[PDB]
Amino acid sequence: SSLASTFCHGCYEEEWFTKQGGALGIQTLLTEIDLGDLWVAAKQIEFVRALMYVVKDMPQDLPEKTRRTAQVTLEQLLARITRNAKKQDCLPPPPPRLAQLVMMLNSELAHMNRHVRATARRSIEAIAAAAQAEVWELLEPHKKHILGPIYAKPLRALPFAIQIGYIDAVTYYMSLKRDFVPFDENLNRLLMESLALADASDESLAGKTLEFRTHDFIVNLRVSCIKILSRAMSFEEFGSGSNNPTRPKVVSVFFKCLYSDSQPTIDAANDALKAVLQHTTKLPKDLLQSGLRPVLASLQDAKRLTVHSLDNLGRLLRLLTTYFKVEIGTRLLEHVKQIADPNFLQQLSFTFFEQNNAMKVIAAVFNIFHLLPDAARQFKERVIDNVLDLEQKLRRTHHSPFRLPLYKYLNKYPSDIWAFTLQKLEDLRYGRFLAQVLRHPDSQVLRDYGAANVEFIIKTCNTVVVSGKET
Amino acid sequence: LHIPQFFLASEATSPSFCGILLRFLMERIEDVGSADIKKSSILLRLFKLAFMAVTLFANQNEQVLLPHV
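Top to bottom, those sequences are chains A and B.
All the letters of the first sequence, read from the start, carry residue numbers 1183 to 1276, 1293 to 1669 under the entry's author numbering.
All the letters of the second sequence, read from the start, carry residue numbers 697 to 765 under the entry's author numbering.
Be aware that a few hints might be false.
[Unchecked claim] Estimated spans, in silico, between C-beta atoms of each pair: (1) B:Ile699 / A:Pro1492: 48 to 54 Å; (2) B:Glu726 / A:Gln1242: 19 to 25 Å; (3) A:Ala1404 / B:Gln701: 45 to 51 Å; (4) A:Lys1480 / B:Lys744: 43 to 49 Å; (5) A:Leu1481 / B:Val765: 42 to 48 Å; (6) A:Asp1243 / B:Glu726: 55 to 61 Å; (7) A:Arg1411 / B:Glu726: 45 to 51 Å; (8) B:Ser730 / A:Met1302: 36 to 42 Å; (9) A:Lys1247 / B:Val765: 38 to 44 Å; (10) A:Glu1409 / B:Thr751: 27 to 33 Å; (11) B:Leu697 / A:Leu1490: 51 to 57 Å; (12) A:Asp1646 / B:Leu697: 38 to 44 Å; (13) A:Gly1666 / B:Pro763: 55 to 61 Å.
Hints listed in this document are in silico derivations from the structure and should not be mistaken for laboratory results.
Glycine included, each C-beta is placed from N, C-alpha and C at the ideal position.
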């Protein structure tokens, strides 16, 4: 008992190596001595508390070995103490072995540290699996201990980390079963607060002084709000009885978040919009027009063309497939023609122009042609000639910033590309270009088509040879 | 390793080679802490050579390093 106490107290010291020693000592006592089952049953609560404290108290900018050690030891302990578990042992009496442990683990689901929440949910799932039960069955009695404190205070006044933890806890709770969290007034007020937070600007959120960590906090808060609103959108009771523009507002906020500069926000909004589009199967005209207006606004002038706007167009094309129209590619080609100046191109040579902004804009323009609808098969000659002329002006062979998007677009219509190339077998440029394309590691579709139609290739070549010309 | 060093210490070729080398090294930066001494020594030496090249010609190579720091 004294040795166990020493190991458990080692976990609470402020030196990290002492914490690691404590966790390792607990592991050694668990998996190398076999002091018996009653002993572990009497030490389990202290062991769990000490390991969870080690997870809580480690600074997050040091190496992660100590936290991993604590988590592994916790996994082993939980595996040991649930050897012959049963549903009667985990739930409170109508004393149960694991009810106190379940309550203690539930109490840490809203912590301000994300690793703590991850560990707690992992442990709860591990316990539930061993008892052939559902998580909601175990967590129903202790739901108030989490829900009550969160609904007490206004969410706007709290620091960032506390808000993130609270929102994550509610989001996890409202996924266990369809009626776990009722749609009462408290939940509606919380959801409206989340919508307001997601729709706000960085300056309004305590100001963005360009500091790294404030920006990180704001991004994380936005991601959490987006996720909770997306989960709420899956319920038919949300926004229905209101009959007000709640769901349209959520969709507008999603679209606004899709056009942001932060990648995590873009990914979260992309997932939310994908789910909404899959579920709805239909879209009101006005809402989609409002969502599309900003994208079409920025594609009208070649002087203000940017990589960001073209990325937004690409994301929108990926989301709404059968909604766009042809004749935007022609406008993009005209913009490319305008941007590429013979004197500018002459000057650009002699330099490593991979870092030029105009070249990046042109590459972004070319990157859109493999996302356009199927009818974009009529631009193959135009784009191939454009790229070849651009490379000729820059005195480049085998390599340029424009090869990757062109290859991506060409690998989608192998039949058309092969027919076009075989129609021009008496020119060295086109054969050389197709051979160069085939040698890229990612041109497997074209390689398969060519391996299938070697017969037609040889037939056309033999026809040309038998014709008896100088070419 | 003398070849990158020779290219980086010449006024004519230093900027373009520095750009190419930095672009290549940014894809490998994750191998620095590999615990294999042979793997990490070479990457560290290449990074140091690029930085020394930046120091040698400040009026030209600063803009090459700017988008990576």
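Hint by hint, here is what the structure shows:
Between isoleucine 699 of chain B and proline 1492 of chain A the beta carbons are some 50 Å apart, a value that agrees with the proposed interval 48 to 54 Å. As the Cβ distance of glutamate 726 of chain B to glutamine 1242 of chain A is approximately 20 Å, the hint placing it in 19 to 25 Å holds. Distance hint check for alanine 1404 of chain A and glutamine 701 of chain B: the Cβ-Cβ separation is about 49 Å, which falls inside the suggested range of 45 to 51 Å. Between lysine 1480 of chain A and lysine 744 of chain B the C-beta distance comes to about 60 Å, which lies outside the given range of 43 to 49 Å.
Between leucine 1481 of chain A and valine 765 of chain B the beta carbons are some 44 Å apart, a value that agrees with the proposed interval 42 to 48 Å. Hint check: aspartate 1243 of chain A to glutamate 726 of chain B, Cβ distance near 19 Å, so the stated range 55 to 61 Å is violated. Separated by about 23 Å at the C-beta atoms, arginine 1411 of chain A and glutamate 726 of chain B break the suggested range of 45 to 51 Å. For the hinted restraint 36 to 42 Å between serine 730 of chain B and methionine 1302 of chain A, the CB-CB distance of approximately 40 Å keeps it satisfied.
Remark: the range hint 38 to 44 Å for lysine 1247 of chain A to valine 765 of chain B is contradicted by a beta-carbon distance near 29 Å. Checked against the hint of 27 to 33 Å, the pair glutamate 1409 of chain A and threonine 751 of chain B passes, with Cβ atoms roughly 29 Å apart. A hinted range of 51 to 57 Å holds for the C-beta pair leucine 697 of chain B and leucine 1490 of chain A, which are about 54 Å apart. At about 42 Å, the beta-carbon gap between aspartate 1646 of chain A and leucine 697 of chain B stays in the expected band of 38 to 44 Å.
At roughly 57 Å, the beta-carbon separation of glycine 1666 of chain A and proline 763 of chain B lies within the given 55 to 61 Å, and the hint holds.
Consistency with the previously given hints fails for numbers 4, 6, 7, 9, ordered from lowest to highest.
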